[PDB]
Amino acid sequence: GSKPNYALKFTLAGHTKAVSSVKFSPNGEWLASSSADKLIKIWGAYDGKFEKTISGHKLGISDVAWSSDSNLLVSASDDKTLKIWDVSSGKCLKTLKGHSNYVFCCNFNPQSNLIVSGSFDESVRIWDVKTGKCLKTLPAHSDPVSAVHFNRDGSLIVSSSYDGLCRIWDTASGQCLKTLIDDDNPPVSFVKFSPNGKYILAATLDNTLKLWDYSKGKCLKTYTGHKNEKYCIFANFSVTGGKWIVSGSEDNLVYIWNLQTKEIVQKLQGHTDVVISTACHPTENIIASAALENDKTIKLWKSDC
């Protein structure tokens, strides 16, 4: 149909502090959750079935991300490290050391030979997955780095910061290609490339999501009606059915907009705290949502459209 009809299917309990992020495995099999409780949990994507806990970080985790082949995870922790995990064995393969403050955000490149990280230390780091060596340190920002993401061919990195900037980096050289957002304020709390790599979705802490044309460097769409003044809340392109934008919200709801029209097409109610993270299943019309410490649950929602 023209609108989605996401309905609650499962509630996933077990984290003992705020959930920080949820991500679907590229192969659709799994949901991974990270939490302030220092743990990663793996869940069945379709039935919410608890699979395993992955442990090792000495402090809370802000983010977790999947390799392209669904075999590895990378986590970003307040212990100033990232850890690369074998999902099958649950073992830590590498500890990525070099950040001087909390590591907030992380992603594999499509090749999954590199990891990008952003930290409270105001740097972006590019790591070799095989060796766990830091290849490049980018002096990217003048305040904590809120998000990092590679584009579809891995040639570009997009970063965002509380400094109010969105910057695009050449992966090979680490050199800045452009400053896409150049305001003193507000803080840019989230950024990611569109599936096709032509657009950047950016959240600012003035209750606003914006879709930017990367090449032209101008704003194509604005999404409002949600609450976002404090937290680095993820946002998604939903592509399996209708073409939506999905975001959590500080009013404890998930918001879904029509990408083209910018109209809100659904609000998902159930969480009892800030929805910090949403993920869209790679093949099925399924949303995962995760909430802060008054809730500490993950919800799986499914839609016919």
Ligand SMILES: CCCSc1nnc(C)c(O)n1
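Only residues modelled in both forms are compared. Throughout, rigid core stands for the largest set of C-alpha atoms superposing within 1.5 Å between the two forms. Numbering follows the first chain given and starts at 1. What changes on going to the form solved in complex with the ligand:
Rigid-core fit between these two forms: of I84, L114, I181, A202, the one residue whose Cα shifts 2 angstroms or more is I181.
After superposition on the rigid core, residues whose Cα atoms move by 2 Å or more in a run of at least three fall only at 181 to 185 between these two forms.
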Second form
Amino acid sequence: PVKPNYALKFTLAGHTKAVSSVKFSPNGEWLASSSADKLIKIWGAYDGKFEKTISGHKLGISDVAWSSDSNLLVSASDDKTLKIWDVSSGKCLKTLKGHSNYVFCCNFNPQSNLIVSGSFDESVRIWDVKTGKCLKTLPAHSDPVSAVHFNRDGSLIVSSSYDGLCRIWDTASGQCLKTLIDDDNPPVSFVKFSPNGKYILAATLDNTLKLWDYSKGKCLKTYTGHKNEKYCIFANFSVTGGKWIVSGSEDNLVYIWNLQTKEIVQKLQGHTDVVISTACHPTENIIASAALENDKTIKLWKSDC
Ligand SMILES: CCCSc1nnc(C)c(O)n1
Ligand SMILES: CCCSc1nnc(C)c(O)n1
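Swap state to the form solved in complex with the ligand from the form solved without the ligand:
Everything in the complex follows now, all chains and molecules, and the chain you saw is the first one.
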């Protein structure tokens, strides 16, 4: 297809403060959301039906992530901890203590025996899921860490920071393998590996998304047209149908680009505040979007391609 046709299917209301992150479970059945209201909520991925609320953090939550078997969640909070949750029982299995300030981002590795986290304290930490202990503390950046993500086989971690850098780390050794810098270094607000593992996608607070060949250290694609000068907005690869780049925006729209041509192919209208988070369903052409304090809702969109 040349262009997708995402249309609003469901609006999910429940959070009483800004939503911070939405993520689809790997098995495609659920959507998890985190919020400044200190809560995690679980929703049906296909019907938007509210399932349950998971509570325990003492301050707002910035991020949530699923284990590969869709049974566990990890959350990152302003209370300087991460928590590991058994979704079915709602129980907090482990509280990960070590960061000295706000935890902003988190992710399981594919094996899901490890968690990576990034914090306002400018460090990246690697945790053992089963013991809950910190295995490594990486002196990753000189400003708050905005995102952390494992590659397809968990051998690498990419981190981004307001210091303008993206860095690639060897999971096993903790060594910094790459530092990525273009002709300028505006604050990097988000980063993640592509599904095929060949690229990273980085958002900078100069209204720009960039596709990098991280190995060769070269910028391949640039995506613009949206607004992003303040917030750490999640961006995504959509690969279930047409090959798109998906991101939120500070003009309250969801932006969708053709990955190859860099052309904007759709702008999704509906939210009434900054779209801070987007997520792409693992098998269906479905997008979840979430907005900040003046909106508080999550929206589910579906396309035929
Ligand atoms: C009873 C059907 C619930 S709705 C639904 N829609 N799409 C998919 C892929 C799915 O598994 N269920
Ligand atoms: C698992 C492969 C899904 S297909 C795919 N298509 N395009 C890109 C950029 C990508 O990373 N994966």
